[PDB]
Amino acid sequence: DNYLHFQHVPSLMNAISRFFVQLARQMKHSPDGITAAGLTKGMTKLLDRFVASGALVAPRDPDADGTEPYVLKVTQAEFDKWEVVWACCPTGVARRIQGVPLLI
Amino acid sequence: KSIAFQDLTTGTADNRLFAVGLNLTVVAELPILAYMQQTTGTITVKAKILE
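If you read the protein sequences in the order shown, they are chains v and B. Position 66 of the first sequence, counted from 1, bears residue number 490 in the authors' numbering, the numbering being contiguous throughout. Position 17 of the second sequence, counted from 1, bears residue number 226 in the authors' numbering, the numbering being contiguous throughout.
It is possible that some hints are incorrect.
[Said to hold, decoys possible] The calculated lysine to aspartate or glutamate pairs, modelled on EDC-like cross-linking and capped at a C-alpha distance of 20 Å, are:
hint : chain 1 : residue 1 : chain 2 : residue 2
1    : v       : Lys-469   : v       : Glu-507
2    : v       : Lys-469   : v       : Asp-485
3    : B       : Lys-257   : v       : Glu-492
4    : B       : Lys-255   : v       : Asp-504
5    : B       : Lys-257   : v       : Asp-425
6    : B       : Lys-257   : v       : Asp-489
7    : v       : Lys-452   : v       : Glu-507
8    : v       : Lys-497   : B       : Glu-260
9    : v       : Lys-465   : v       : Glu-492
10   : B       : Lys-255   : v       : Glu-507
11   : B       : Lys-255   : v       : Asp-485
12   : B       : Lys-210   : v       : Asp-487
13   : v       : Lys-465   : v       : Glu-507
14   : B       : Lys-257   : v       : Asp-456
15   : v       : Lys-469   : v       : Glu-492
16   : B       : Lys-257   : v       : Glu-507
17   : v       : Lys-505   : v       : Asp-456
18   : B       : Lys-257   : v       : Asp-472
19   : v       : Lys-497   : v       : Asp-472
20   : B       : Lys-255   : v       : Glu-492
[Said to hold, decoys possible] With the Cβ distance kept under 10 Å, some of the chain B side facing chain v (calculated, not the full set):
hint : residue
21   : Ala-237
22   : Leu-239
23   : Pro-240
24   : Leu-259
Rather than coming from a laboratory, the hints here were simulated on the basis of the structure. Beta carbons are placed, not taken as given, at the ideal position from N, Cα and C, and that holds for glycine.
This is chain v alone, in the form it adopts within the complex:
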């Protein structure tokens, strides 16, 4: 029970991963090569495009979580190890509906 048995949730992440792979392949031909600074600008652009398309939405509870749809952060431990992570809030589907009749 991971919100993954819904069809579209893996589909968004697979599309984003494919786009990232294509970006990283092209970035390797740059003079510097793969760099943490370089990997953030492109990811921000693609995630903004995905937000514009309507795939990513703001969290349901604004008090608990921030209003931003995605969070992209870079962390450094020592100097040899870097880490780039992005989180996403997928769009929901409407599949169960209930109606409750009453009588005045």
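With chain v's structure known, arrange chain B on it following the hints.
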């Protein structure tokens, strides 16, 4: 391209010698190098679902 020669002899009344001078400037880009130390590392990429 600009060329102009200057005379350097008062006359041939002493030694019978002809001299002419020219001035030039040379522009050179000297290189200076700063020594460095190289180390290796790794970068990892992960995708996550919020909350």
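Agreement of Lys-257 (chain B) and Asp-425 (chain v) with the hint, judged by alpha carbon distance not exceeding 20 Å: 16 Å, holds
Distance restraint between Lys-497 (chain v) and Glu-260 (chain B), which requires alpha-carbon spacing of 20 Å or less: Answer holds: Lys-497 (chain v) to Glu-260 (chain B) is near 15 Å, not above 20 Å.
Holds or violated: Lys-255 (chain B) to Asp-485 (chain v), with C-alpha atoms at most 20 Å apart: Distance ~25 Å between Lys-255 (chain B) and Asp-485 (chain v) Cα, so the pair is violated.
Restraint check for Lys-255 (chain B) with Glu-492 (chain v), where alpha carbons must lie at most 20 Å apart: 19 Å, holds
Restraint status (C-alpha distance of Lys-452 (chain v) to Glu-507 (chain v) at most 20 Å): Given pair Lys-452 (chain v), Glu-507 (chain v) holds - Cα atoms ~18 Å apart, limit 20 Å.
20 Å Cα cutoff - pair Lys-257 (chain B), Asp-472 (chain v): 16 Å, holds
Distance restraint between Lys-257 (chain B) and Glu-507 (chain v), which requires alpha-carbon spacing of 20 Å or less: 13 Å, holds
Chain v contact restraint for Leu-239 (chain B) - C-beta distance below 10 Å: 24 Å, violated
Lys-465 (chain v) paired with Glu-492 (chain v) [C-alpha distance capped at 20 Å]: 17 Å, holds
20 Å Cα cutoff - pair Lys-469 (chain v), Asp-485 (chain v): 26 Å, violated
Satisfaction of hint between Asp-489 (chain v) and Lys-257 (chain B), Cα-Cα up to 20 Å: Answer holds: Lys-257 (chain B) to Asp-489 (chain v) is near 15 Å, not above 20 Å.
Hint consistency between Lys-469 (chain v) and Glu-492 (chain v) [alpha-carbon to alpha-carbon, up to 20 Å]: This hinted pair holds, its Cα atoms lying about 15 Å apart.
Consistency note: the structure conflicts with the earlier hints numbered 2, 11, 12, 14, 21, 22 and 23.
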